[PDB]
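A single protein chain has been omitted from the complex, and every remaining protein chain is retained in its original position.
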Amino acid sequence: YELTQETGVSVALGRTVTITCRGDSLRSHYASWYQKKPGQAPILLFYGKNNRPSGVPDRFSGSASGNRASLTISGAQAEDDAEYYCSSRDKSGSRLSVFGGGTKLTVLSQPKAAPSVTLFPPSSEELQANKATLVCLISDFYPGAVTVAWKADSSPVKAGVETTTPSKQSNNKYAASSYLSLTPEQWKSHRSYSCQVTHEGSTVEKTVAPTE
Amino acid sequence: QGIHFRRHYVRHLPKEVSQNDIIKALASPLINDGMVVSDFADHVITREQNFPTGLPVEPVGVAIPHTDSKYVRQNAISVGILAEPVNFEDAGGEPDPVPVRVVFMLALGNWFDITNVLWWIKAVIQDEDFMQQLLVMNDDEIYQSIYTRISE
Partner (left out) sequence: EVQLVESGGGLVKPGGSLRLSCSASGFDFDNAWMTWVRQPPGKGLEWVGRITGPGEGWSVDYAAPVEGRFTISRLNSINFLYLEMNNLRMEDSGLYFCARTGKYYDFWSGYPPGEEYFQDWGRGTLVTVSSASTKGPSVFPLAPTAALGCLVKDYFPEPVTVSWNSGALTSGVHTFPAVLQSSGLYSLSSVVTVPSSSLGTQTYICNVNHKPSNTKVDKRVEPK
């Protein structure tokens, strides 16, 4: 991304939190800031040097310095729990625009909870058909932001990975699943595969080896 | 580049004139040539009354009146040199007026021209030597110099 944003940020209710957007084009251009909730249209929060649209809570404030744009939320409310995108030019002087990666802002409403990770190997009925699939299951975590990575022996796998965006579930904790597809004449080859899962800074690993 | 700048878009304005007198004098060649709509001056003064453009730069105050680009037919600039300093409200939220002696009327309908011309103006009004020349040069020489650097 030309504009880098934190993947996720937590704030206690009523406390102040700042999220940031960083990139070379911000040395010459201002950023604008957007809020987006699952399934809803984004809304403009702030743009330019000091412009807040009417109807936006005045607790949202933008600022900027060097290659950095900040959105500060003074006194976070439960209704602020959302995704936040920055936008600016992709390069100084450009007619194009670009978005940062988005920051998931969690306004804490329950205790933090590490995820429970299960990694399923391809079933034998599934390998009968010349097909194999690793199914890593991640459930009961809070906040709802998790980075998944796959490994073969000890080397990263980015090809053939599919990971679902964390879905909100009943208890308002979160679930997510991840799939690593490959051929049977490939899973029996490696010593072991691993689903590594990063949550709130700590990383857990589940490993399977072709043996059953 | 796609900006129309003719010799008669440069004027020296005499002593007794007010803000509205200057806006009407500078708009006059633009309307005569069809660069703007007939009520363009009304739209500038209205916009100036609510969104001032006085720039309190030294040695000489500058103003940059304009309106919405929908009232512009073709890109053009009109330039006034004031014999006496006429006050303009500060474009940045001050009661202290700006004693303006150089007026850049912008009649640009194209956004990419608007930002480039404003960028150029910001550089030019920080050039004391250039601003000094504008207060002594005649209309032709003002036209020649400005025509050169907005060509580029």
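All chains are identified by letter, namely A and B, in their written order; residue positions are counted from 1 within each chain.
Just so it is clear, a contact is a pair of C-beta atoms (placed from the backbone, for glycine too) under 8 Å apart; a residue touches a chain by one contact, two chains touch by 3 or more.
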Selected from A:130, A:165, A:202 or A:211 as touching the chain missing from the view: A:165
Absent-chain contact - pick from B:46, B:115, B:132 or B:133: B:115
Hidden partner chain, residues of chain B it touches: 55, 69-70, 72, 91, 108-112, 114-116, 118-119, 122
Residues belonging to chain A that touch the chain removed from view: 28-32, 34, 36, 40-44, 47-49, 51, 53, 83, 85, 87-89, 92-93, 95-102, 118, 120, 122-126, 129, 131, 133, 135, 137, 139, 160, 162-165, 167, 169, 175-177, 179, 181, 212
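What we mean here is this: only the chains that are shown with their structure count from here on.
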Whole-Å gap between the CA centroids of chain A and chain B: 50
